[PDB]
Amino acid sequence: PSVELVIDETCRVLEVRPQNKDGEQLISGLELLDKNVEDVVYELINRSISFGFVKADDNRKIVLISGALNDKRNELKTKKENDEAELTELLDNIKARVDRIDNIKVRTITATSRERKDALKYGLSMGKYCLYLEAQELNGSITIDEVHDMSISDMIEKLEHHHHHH
Amino acid sequence: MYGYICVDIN
Numbered sequence: 006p007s008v009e010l011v012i013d014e015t016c017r018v019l020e021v022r023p024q025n026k027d028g029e030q031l032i033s034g035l036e037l038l039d040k041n042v043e044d045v046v047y048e049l050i051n052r053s054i055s056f057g058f059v060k061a062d063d064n065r066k067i068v069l070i071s072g073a074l075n076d077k078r079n080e081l082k083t084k085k086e087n088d089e090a091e092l093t094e095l096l097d098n099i100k101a102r103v104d105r106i107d108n109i110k111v112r113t114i115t116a117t118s119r120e121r122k123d124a125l126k127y128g129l130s131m132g133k134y135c136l137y138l139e140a141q142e143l144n145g146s147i148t149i150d151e152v153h154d155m156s157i158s159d160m161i162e163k164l165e166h167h168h169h170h171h
Numbered sequence: 024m025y026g027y028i029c030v031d032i033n
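Sequence lines, in order, name chains A and B. Just remember that this note's numbering sits 5 ahead of the position in the first sequence, which is counted from 1. Just remember that this note's numbering sits 23 ahead of the position in the second sequence, which is counted from 1.
These are computed hints drawn from the structure, not numbers from a lab. It is possible that part of the hints are untrue.
[Unchecked claim] Which chain A residues stay away from chain B? Per the calculated CB distances, all over 10 Å, these: (1) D13; (2) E14; (3) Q30; (4) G34; (5) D44; (6) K77; (7) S130; (8) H170.
[What the hints assert, rightly or not] Using C-beta positions, here's what the derived DEER-type ranges look like: (9) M24(B) - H171(A): 33 to 39 Å; (10) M24(B) - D97(A): 32 to 38 Å; (11) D104(A) - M24(B): 24 to 30 Å; (12) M24(B) - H170(A): 42 to 48 Å; (13) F56(A) - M24(B): 26 to 32 Å; (14) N108(A) - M24(B): 32 to 38 Å; (15) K60(A) - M24(B): 32 to 38 Å; (16) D123(A) - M24(B): 18 to 24 Å; (17) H166(A) - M24(B): 38 to 44 Å; (18) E94(A) - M24(B): 15 to 21 Å; (19) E165(A) - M24(B): 33 to 39 Å; (20) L138(A) - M24(B): 23 to 29 Å; (21) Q30(A) - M24(B): 37 to 43 Å; (22) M24(B) - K126(A): 18 to 24 Å.
[What the hints assert, rightly or not] Listed next, the stretches of chain A that the computed footprint assigns to chain B, with coverage defined by at least 3 CB atoms under 8 Å from CB atoms of chain B: (23) 46-57; (24) 89-102; (25) 138-147; (26) 152-158.
Beta carbons are placed, not taken as given, at the ideal position from N, Cα and C, and that holds for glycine.
Turn these sequences into a full structure, and let the hints steer you where they fit.
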């Protein structure tokens, strides 16, 4: 369930847009605009349980909160590290916020403008593109089509059960 | 303009 939430300086989600088709049906009829990203993701995960896209209690479910620093922010590269650091803390807050839901274990991945441009074209979230990218380095036996339907939890084991060795 | 958060719920 890949969704991209564009946030303002005040941490409020300006627009909720789908990265993948699964996220599109999930966000159908969701008013989550002008609200803080922390509550936005919390309601979003819970609605993924309601629609039944993902299993709440059955599997060790990894929920991915990935965030990238925007292209316009990256106009200059002066202390872009600082913005990334604050972004990492922003994501760390989202992580601690949404982990309060039943059997939700969260991974947070900070990404650059590259992962986001590619992720929206490949039809995934930034972090699911990022671990796919790394999984093609660690193996290369993972296709982009399967990534649309698979779990990010299953992607972690794709990366760890790496078979670029024969 | 701060950033974009791509979530993937499993």
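Is it the case that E14(A) keeps its Cβ farther than 10 Å from each residue Cβ in chain B? It is violated; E14(A) is separated from chain B by about 5 Å at its closest Cβ, not greater than 10 Å.
The hint says 18 to 24 Å between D123(A) and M24(B); measuring C-beta to C-beta, is that right? holds (20 Å)
Kindly confirm whether 32 to 38 Å is satisfied by the beta carbon distance between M24(B) and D97(A). violated (21 Å)
Return holds or violated for the Cβ distance of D104(A) and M24(B) against the range 24 to 30 Å. holds (28 Å)
Are all C-beta atoms of chain B more than 10 Å from that of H170(A)? holds (28 Å)
Would the least Cβ to Cβ distance between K77(A) and chain B come out above 10 Å? violated (5 Å)
Using Cβ atoms and 10 Å as the threshold, tell me whether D13(A) really stays out of contact range of chain B. The assertion about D13(A) is violated, with a minimum of 6 Å to chain B.
Mind checking the hinted window 37 to 43 Å against the Cβ distance between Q30(A) and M24(B)? violated (28 Å)
Does the claim that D44(A) lies off the interface hold, with its Cβ farther than 10 Å from every Cβ of chain B? Answer for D44(A): holds, closest chain B Cβ roughly 13 Å.
Check the non-interface label on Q30(A): least C-beta distance to chain B beyond 10 Å or not. Check passes; 12 Å lies beyond 10 Å.
Indicate whether the distance between the beta carbons of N108(A) and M24(B) respects the range 32 to 38 Å. With Cβ atoms ~35 Å apart, the hint holds.
Checking C-beta pairs, does the region 46-57 of chain A have three or more residues closer than 8 Å to chain B? holds (count 4)
Of the numbered hints given earlier, the model fails hints 1, 2, 6, 7, 9, 10, 21, 25; all others are met.
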